[PDB]
Each structure stands twice: as C-alpha cells, then as structure tokens.
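What follows is each chain in one-letter form.
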Amino acid sequence: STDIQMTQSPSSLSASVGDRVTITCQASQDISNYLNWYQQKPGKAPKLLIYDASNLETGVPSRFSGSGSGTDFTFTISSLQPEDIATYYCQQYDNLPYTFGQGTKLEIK
Amino acid sequence: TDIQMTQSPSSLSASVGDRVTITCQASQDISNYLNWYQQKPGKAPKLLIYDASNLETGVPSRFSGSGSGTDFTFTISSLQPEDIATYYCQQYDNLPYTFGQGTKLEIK
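As they're listed, the protein sequences go chains B and A.
Going by PDB author numbering, the first sequence opens with residue -1, and the numbers climb by one from there.
Going by PDB author numbering, the second sequence opens with residue 0, and the numbers climb by one from there.
Mixed in with the good hints, there may be bad ones.
[Stated by the list, open to error] Derived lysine-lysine pairs resembling PhoX-like cross-links, with alpha carbons at most 20 Å apart:
1. B:103 x B:39
2. A:45 x A:103
3. A:45 x A:107
4. A:103 x B:45
5. A:103 x A:39
6. B:39 x A:103
7. A:107 x B:107
8. A:45 x B:103
9. A:107 x B:45
10. B:42 x A:42
11. A:39 x B:45
12. B:42 x B:107
13. B:39 x A:42
14. B:103 x A:39
15. B:42 x B:103
16. A:103 x B:107
17. B:39 x A:45
18. A:42 x A:103
19. B:39 x A:107
20. B:45 x B:107
21. B:103 x A:107
22. B:45 x A:45
23. A:103 x B:42
In short, the hints are calculated from the structure, not lab data.
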C-alpha cells in the first residue's frame, strides 16, 4: 500500500465577510468517509471541525459543512466570518500513515 | 470526555547537534497509540512516528519515540537545521484522535 495522497485546492484564497468558501480534497485511494477537516490558527494545533466527511464537531458553528464519500470531498464555510481566518486542512484516517492535504490559507479581502 | 494530550514544552531553542526532548501525557491510558507529526513552516503536518516508536518511510535515525500508557517522549538525538518545525503528538486510541498543543522548535 502506497501512502494515501490528499490533493487539496486551492492553496490560498481571499474573500469578504459573509462569502461562501469552498475547498476541495481528492484522495488518491477510496477512503470511504474517513476524512476530517481541521482549522489551524497561527501557533495553535489543528482543531477538528468536520469528522467522517460530513459530521459537525461539537461546538462548531453550522456554517461549516462537509460532503463527499470515496475520493472527492468538499468543505464549505457558508458565510465567512473574521474569526474563521486560518489555514484549513483535510486529513484522511482510513489507513496509517494519516495524511493531510497541503492546506488552504484564508484571508479577508 | 475527549482525551487530553498535554505536550511540553510549548517552544524551545537549541543548537545544531544538540539533543531535543519533547514529552506528551495522555489523560487516560492510550496503550501505544501515539503519533508524532512534524509541521515545517507553511506546510502541513507530516507523520514521522506511529505506534509510539515506529518510524515512517524516509524518517532519519536521529528521530525516536518511546513510552506506553500515559507517558511518551519524542527525541531528536542530534538536531539538524532542517528539523526546525512544530511537532505534535496525537493519540489514536479513542475518537476523536486528539492532538497535543505543539512544540515549536527553533535554532539558538
């Protein structure tokens, strides 16, 4: 088994407050729903937002969502807020080693 | 109810060739199910060590991990310039698979 590569796009984006943010990840192997989305702010650890492709982690605002199963996944922020400025990552958990996408750095326009 | 990983130190500085020692404590027994990731500046975290002590492909021999249960150590035997990064432990005994807070390593 080759390590699973997660292809995340875009690498950076800017948008305005309220805008819809759309990030994609494609897994190099079928990973079912074993895909998480994390938010990382400077100097902090990744924080789990979406687990098992589409489940909202406790305490996380509902503007955050995920979809997909198999190889193609999408993460959405339906209305971008100032506090959401961070780098986001997809990560797969189907098989060790757990692998991250390359990240998407968000900024406000 | 999520397992708390207490990683220390938060940051350190050391010299090329020095021994770097990072610890993680789990709030409950996680057997051997501990990962160590390296996150180089601007990059995603990359898994170096799994099952507490097993090295991934291409990880050089200066990296090691030890411990079981609640008490774990990550060691760089001889720090190299390319090792400057933030390191994270992660338990994968019980979902969610929670992370330590990180250790930011710099050169003196």
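Here is how each hint holds up against the structure:
1. Note on residue 103 (chain B) and residue 39 (chain B): the hinted pairing holds, with a Cα-Cα distance of about 10 Å set against a maximum of 20 Å.
2. Simply put, residue 45 (chain A) and residue 103 (chain A) have alpha-carbon atoms about 15 Å apart, close enough for the 20 Å limit, and the pair holds.
3. Our distance criterion of 20 Å between C-alpha atoms is broken by residue 45 (chain A) and residue 107 (chain A), whose separation comes to about 24 Å.
4. A threshold of 20 Å between alpha carbons decides the hint, and for residue 103 (chain A) with residue 45 (chain B) the separation of about 17 Å falls inside it, so the pair holds.
5. Among the hinted pairs, residue 103 (chain A) with residue 39 (chain A) is consistent with the structure: their alpha-carbon atoms are about 10 Å apart, no more than 20 Å.
6. The straight-line distance between the Cα atoms of residue 39 (chain B) and residue 103 (chain A) is roughly 14 Å, inside the 20 Å bound, and the hint therefore holds.
7. Taken as a hint, the residue 107 (chain A) and residue 107 (chain B) pair is broken in the structure, with Cα atoms around 37 Å apart against an allowance of 20 Å.
8. At roughly 17 Å between alpha-carbon atoms, residue 45 (chain A) and residue 103 (chain B) fall within 20 Å of each other, so this suggested pair holds.
9. Taking the CA atoms of residue 107 (chain A) and residue 45 (chain B), the gap is about 30 Å. The hint is violated against a cut of 20 Å.
10. For the proposed pair residue 42 (chain B) and residue 42 (chain A), the alpha carbon gap of about 14 Å is at most 20 Å, so the pair holds.
11. Straight-line distance between C-alpha atoms of residue 39 (chain A) and residue 45 (chain B) comes to about 18 Å, which keeps the hinted pair within the 20 Å bound.
12. Under the criterion of a C-alpha separation no larger than 20 Å, the hint pairing residue 42 (chain B) with residue 107 (chain B) is inconsistent with the structure, at around 23 Å.
13. Restraint check for residue 39 (chain B) and residue 42 (chain A): the C-alpha separation of about 13 Å stays at or below 20 Å, so the hint holds.
14. Using a Cα cut-off of 20 Å, the hinted pair residue 103 (chain B) and residue 39 (chain A) holds, with the two alpha carbons roughly 15 Å apart.
15. As the CA atoms of residue 42 (chain B) and residue 103 (chain B) are separated by approximately 14 Å, the hinted pair is consistent with the 20 Å bound.
16. Using a Cα cut-off of 20 Å, the hinted pair residue 103 (chain A) and residue 107 (chain B) is violated, with the two alpha carbons roughly 29 Å apart.
17. With a CA separation close to 17 Å, the supplied pair residue 39 (chain B) and residue 45 (chain A) stays within the 20 Å bound.
18. Proximity of residue 42 (chain A) to residue 103 (chain A) is assessed by CA-CA distance (about 14 Å); at most 20 Å being required, the pair is judged to hold.
19. As the CA atoms of residue 39 (chain B) and residue 107 (chain A) are separated by approximately 25 Å, the hinted pair breaks the 20 Å bound.
20. Straight-line distance between C-alpha atoms of residue 45 (chain B) and residue 107 (chain B) comes to about 24 Å, which puts the hinted pair past the 20 Å bound.
21. For the proposed pair residue 103 (chain B) and residue 107 (chain A), the alpha carbon gap of about 29 Å is over 20 Å, so the pair is violated.
22. Restraint check for residue 45 (chain B) and residue 45 (chain A): satisfied, since their Cα atoms lie roughly 16 Å apart, inside the 20 Å limit.
23. Distance hint between residue 103 (chain A) and residue 42 (chain B) is fulfilled; the C-alpha atoms sit about 10 Å from each other, no more than 20 Å.
Going through the hint list in order, the structure does not satisfy hints 3, 7, 9, 12, 16, 19, 20, 21.
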